[PDB]
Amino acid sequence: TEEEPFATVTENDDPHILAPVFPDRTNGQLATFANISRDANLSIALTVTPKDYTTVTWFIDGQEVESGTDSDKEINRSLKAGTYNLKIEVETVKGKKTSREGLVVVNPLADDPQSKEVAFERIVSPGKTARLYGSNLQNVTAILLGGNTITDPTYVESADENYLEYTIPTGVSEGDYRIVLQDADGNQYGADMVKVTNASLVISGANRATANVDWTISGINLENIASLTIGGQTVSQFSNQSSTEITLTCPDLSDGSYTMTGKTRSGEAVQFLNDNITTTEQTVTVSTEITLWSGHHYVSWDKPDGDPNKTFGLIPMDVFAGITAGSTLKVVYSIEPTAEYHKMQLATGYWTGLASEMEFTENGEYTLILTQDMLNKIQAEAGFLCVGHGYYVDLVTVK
């Protein structure tokens, strides 16, 4: 009370949470207070000083919530699957307060329809289609998103992981929403957060770029992009341009770090996501790709010693002697269709592996960072070889 003539010593005490002891932040990132199943309830029981002169309030994702017990300092709450922000705010009668903030992880059951974020598919755009990846999602007849009931979910069979395709309503404004999966029976299951944005948001592929060659960037509303500026060099002509992807020619820049910005058609600034931080400026590392060798050279360790196609030599030691530690070697390889199997390995002249033997079925690019130890061993062991069977070396580059 305030009208009180005076406050007892115990009333004016600082608030302390004695038990339980909560973990400290990981490294700015919040710690986990609870890790329970969707069928179990969030159960935390506080002991607090002063005994009879403290009130505690609970917040799930910033929203105040009743403690499901007669006591106000024990919470009992049934939560849907997901990860939740929990705040524990303790206040005394004379207004002094202490605080705890942590995560509550609620795991689904095996048979539950469930979904987590794999890559960046939880960033969605109003009017457009989006994907959920998870388990048992063929059960879902509706998704609930910020008051809207999305009733057109389609479970797509894929060569990779299957997904639940759904359309975001146009009416939904920007922000973060906690989605819920609904059965035909009516049962509801948690599927964590979705982020709705109208912004042209570049998400991945924009950290690194090779000068004077194709550069593919992945985002959400990238068709609205009118131009990108790297260094001081503006690019307004693109090879591909869709919602999810844009490809351009990285301009002729010296090796180093550069600022990238962009402009939409409306004139607003292109946004960039890096570690769940959104900026209007992106740091791009540019490097030039040097060609060391070009052609079409078959490799088979079946062929006899002395045969030019038993290995890939053809890049002399003095070239590798010049390469600086940290550089990325790339070997572009293609299969021989008539070959029974396809295995390759990068090695020294002594056939010491610089990395694992790899088995493959399709054409590709093998990249490997050459450390100072690797470079030293190459000089010590008679140079560089590509070894294996049933493939061709078509290009070798370094940057």
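In this text, rigid core is short for the largest set of C-alphas that superpose within 1.5 Å between two forms. Numbering follows the first chain given and starts at 1. First, how it differs from the form deposited in another entry.
- Annotation: the position in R178, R131, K94, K263 displaced by at least 2 Å at CA between these two forms, with the core superposed, corresponds to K94.
- In the core-superposed comparison between these two forms, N207 has its Cα shifted by less than 2 Å.
- Superposition of the core reveals a Cα shift of less than 2 Å for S254 between these two forms.
- After superposing the rigid core, the Cα of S71 is displaced by 2 Å or more between these two forms.
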Second form
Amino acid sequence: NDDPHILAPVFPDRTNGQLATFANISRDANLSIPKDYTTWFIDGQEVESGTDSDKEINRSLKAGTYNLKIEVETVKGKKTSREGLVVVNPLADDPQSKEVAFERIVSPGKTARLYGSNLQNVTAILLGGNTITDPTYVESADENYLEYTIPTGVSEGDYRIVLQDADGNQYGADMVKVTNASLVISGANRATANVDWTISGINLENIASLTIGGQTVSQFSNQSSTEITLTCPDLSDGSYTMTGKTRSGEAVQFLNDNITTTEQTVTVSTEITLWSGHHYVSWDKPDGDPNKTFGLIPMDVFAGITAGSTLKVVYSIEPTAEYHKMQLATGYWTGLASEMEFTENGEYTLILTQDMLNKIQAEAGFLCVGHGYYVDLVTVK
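What would the structure be for the form deposited in another entry, rather than the form deposited in one PDB entry?
If you are looking for partners or other molecules, they are not here, because only the chain is given.
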């Protein structure tokens, strides 16, 4: 007739600002882990203990990461609770699926996708009091995925999903966040004044206007559920606030390190052209040939550039060339980055360290070395 805290066994505690490691097992496996005057919870739900005792747990749940709570109360009212994580690893041959990056944020009435393994098997998907009849496995030049159409009736919220096969076996698919809100998920942190700015999110086809540094934009280059292109207003270099409102009138939300907000910090930068033209580069040319390298941006220019600036070299291929390789170097040909074998056009970007800037002055300036390509544009921001 007293007050307890640590009954056997020994449980580990949190290292950072994130929950305890705890149990890690398999899809088939079972979760097995004061006096007698002295409950189990999964993702915030009261559950039965496998056995008869309120200390001996036997639990076989579907694959995925879970939130376990061992909140035990005595006859009087002594308060000692344990909160931790329980990880259930699926079987190799089982239809696995985890989140790779933001595809789990889904919208009602719309398509969605799952990246994993064996999803070719998934005849149906289960999302909280619903059965998804049409799961289509789509074939890609990149990672393959399984497409599904989120039902209209589904209200907002976090849901655990199921992957049911032919027989009906039902396997472990992790967490899915459902939203109708116009939520900007990426590429808002940084923007360039007067150039196109392409922002990606979820219900962006409903964004009516976006406001950066007070300046409002209502006209958009492209607009759909996933993405939106606009022209970042003519703002001085600096950190601004971006807000936005829907066709309806609600505030456009902003996901950032999983923290949803109503305001976004945008870092506006201005892109200064250091050179334009169509300069071919071939190290096979003789020494002294203007086209052995690209070095038309004098040293004095590179001295000007402040540490952290972002150099971009717009390159274009020479179709007749047997190979296309390039590299950003000093005048002494010291590489500032790795060599690059490429086959199509593109833009090479490089943040310029104070060291890189020093090497530039120490070593005869900046060069664009390589074979079979054209330097078309060099810019800084």
